[PDB]
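> Each chain, letter by letter, is given below.
There are 2 protein chains.
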Amino acid sequence: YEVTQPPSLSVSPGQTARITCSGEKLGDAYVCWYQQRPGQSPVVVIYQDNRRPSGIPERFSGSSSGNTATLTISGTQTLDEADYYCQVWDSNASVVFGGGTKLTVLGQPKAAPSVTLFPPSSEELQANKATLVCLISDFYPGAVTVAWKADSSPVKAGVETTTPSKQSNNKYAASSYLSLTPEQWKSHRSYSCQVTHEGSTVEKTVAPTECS
Amino acid sequence: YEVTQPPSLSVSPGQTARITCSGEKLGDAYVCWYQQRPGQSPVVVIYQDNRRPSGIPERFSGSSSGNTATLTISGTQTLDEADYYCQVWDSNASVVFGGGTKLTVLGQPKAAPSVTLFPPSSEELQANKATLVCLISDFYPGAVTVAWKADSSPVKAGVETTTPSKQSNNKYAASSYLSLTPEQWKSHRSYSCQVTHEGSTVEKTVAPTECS
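Protein chains in written order, with the numbering used here: chain G, 198 to 409; chain X, 198 to 409.
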């Protein structure tokens, strides 16, 4: 049982967003707004129709009419990209939620991924295990393509890749792991990791010359 | 104040959940329990701490022994699977919110985390870079807590943990990283990664390397 909400609303920094909740009787309910970074513990931004819990900055304001509530951020930012929900609290212990609203901020600079390739750390070799890890950090948009290579040959099998996740700066991350026997490691002259954002490609590699 | 909510809770078709919120000052707090079924409008199941809102059954019950706000659920069905968030109203003006407890009725064995900890590569260092990477794979259900320390002190600085991803063998994977400068690495006799799953905490460790 949901109050009604607009699923998406795209803006740009400095602009202002007005997310609203409508429905009959919306009038007898103290109202609240919850935020949820892509994936994360919701944050209370506003309660009792008009108030902001301590800690929240003064850019998020709330209000209502009869049949409706409204969420207004003055100076929407990127780190405001979130999931916005309204909780409807009617007298009789009854409470409802609008099926969220996604606020995607426009104009975020495309970002090239910092590709990083790591060979198996001693302990693992000392454990008779070997793992290579390829950290695809800081990209944007949330989309990457990985491909492992072993000294010219492609490494089909042994590969696992994180579906991109959203860091704290609106930049994504993913990883790749390739597993092998210290029999597989110290054999090839090298092992590479190819990562294609969109336009550019990057290939970093490692060689069993793993210092001490 | 920190609210310390567990990662996952794998019940069998029937046992009673025992989700608890253990924050530092749970006195001066009216805990509310939020349930969110696979990307949907959340639902409150408990308020004030024990007071249930309306239309909700009493299979639900929540409580507050000193620093422990606990959430009880009877006759667990599939229908119950969700992420349980504990809202802690900290009296005066402020709120905190536990991080979740991916309640999963079993449907596959529980698998604890494979956690390998990688220090910076030889190359990464010539470039004048230095990144710690904590790979956590093969776990199930999909939920961690990753912690870092340096000479045993905690580090809330650039730790950038991912989001559990279903690896190709129906287990999940995730990663965590810390970005520090070469000199910092070399200045710390030791760095730790700590992944707290469901019941079993793990913490592998690496120390500086030299060769030359």
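Incorrect hints may have been included.
Pairs involving identical chains hold if they fit within one copy or between any two copies, as the list cannot separate such chains.
[Said to hold, decoys possible] Simulated crosslink set (BS3-like; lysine-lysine; CA at most 25 Å straight-line):
1. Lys383 - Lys299
2. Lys401 - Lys383
3. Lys326 - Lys299
4. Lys326 - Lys307
5. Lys383 - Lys222
6. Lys326 - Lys401
7. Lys363 - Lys299
8. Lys363 - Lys383
9. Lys307 - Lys401
10. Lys368 - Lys353
11. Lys326 - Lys363
12. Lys363 - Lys222
13. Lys326 - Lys222
14. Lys383 - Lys368
15. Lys353 - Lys307
16. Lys222 - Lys307
17. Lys368 - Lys222
18. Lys326 - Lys368
19. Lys401 - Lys222
20. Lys307 - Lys383
Calculated directly from the structure, the hints in this document are not laboratory data.
> At most 25 Å between CA atoms: does that hold for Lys363 and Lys222 within a copy, between copies, both, or neither?
neither (36 Å within a copy, 31 Å between copies)
> Given identical chains, is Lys401 near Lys222, meaning Cα to Cα at most 25 Å, within a copy, between copies, both, or neither?
neither (31 Å within a copy, 48 Å between copies)
> If the cutoff is 25 Å on CA atoms, where do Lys353 and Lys307 land: within, between, both or neither? Let me know, please.
Neither: 29 Å inside a copy, 27 Å across copies.
> Taking 25 Å as the upper bound on the Cα-Cα distance, should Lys368 and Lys353 be classified as within, between, both, or neither?
between (28 Å within a copy, 18 Å between copies)
> One pair to classify: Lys383 and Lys368, alpha carbons no more than 25 Å apart. Within, between, both, or neither?
neither (35 Å within a copy, 28 Å between copies)
> One pair to classify: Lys401 and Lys383, alpha carbons no more than 25 Å apart. Within, between, both, or neither?
For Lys401 and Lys383, the Cα distance is within 25 Å both inside one copy (18 Å) and across copies (24 Å).
> Indicate which option fits the pair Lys222, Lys307 if close means a Cα-Cα distance not exceeding 25 Å: within, between, both or neither.
So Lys222 and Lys307 fail the 25 Å test inside a copy (32 Å) and across (43 Å) alike.
> With identical chains treated as interchangeable, where does the CA-CA distance between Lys368 and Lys222 reach 25 Å or less: within a copy, between copies, both, or neither?
Cα proximity of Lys368 and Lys222: none, with 36 Å in one copy and 34 Å across.
> As a check of your reading, is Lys326 near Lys368 (CA-CA no more than 25 Å) within one copy, between copies, both or neither?
This pair counts as between: shortest inter-copy Cα distance 19 Å, intra-copy 32 Å.
> Since the copies are identical, ignore which copy is meant and state whether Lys307 and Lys401 lie within 25 Å (CA to CA) inside a copy, between copies, both or neither.
within (21 Å within a copy, 36 Å between copies)
> At most 25 Å between C-alpha atoms: does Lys383 with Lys222 qualify within a copy, between copies, both, or neither?
The answer is neither: 38 Å in one copy and 53 Å across copies each exceed 25 Å.
> Is the C-alpha distance from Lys326 to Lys363 at most 25 Å within one copy, between copies, in both cases, or in neither?
between (30 Å within a copy, 22 Å between copies)
Of the numbered hints given earlier, the model fails hints 1, 3, 5, 8, 12, 13, 14, 15, 16, 17, 19, 20; all others are met.
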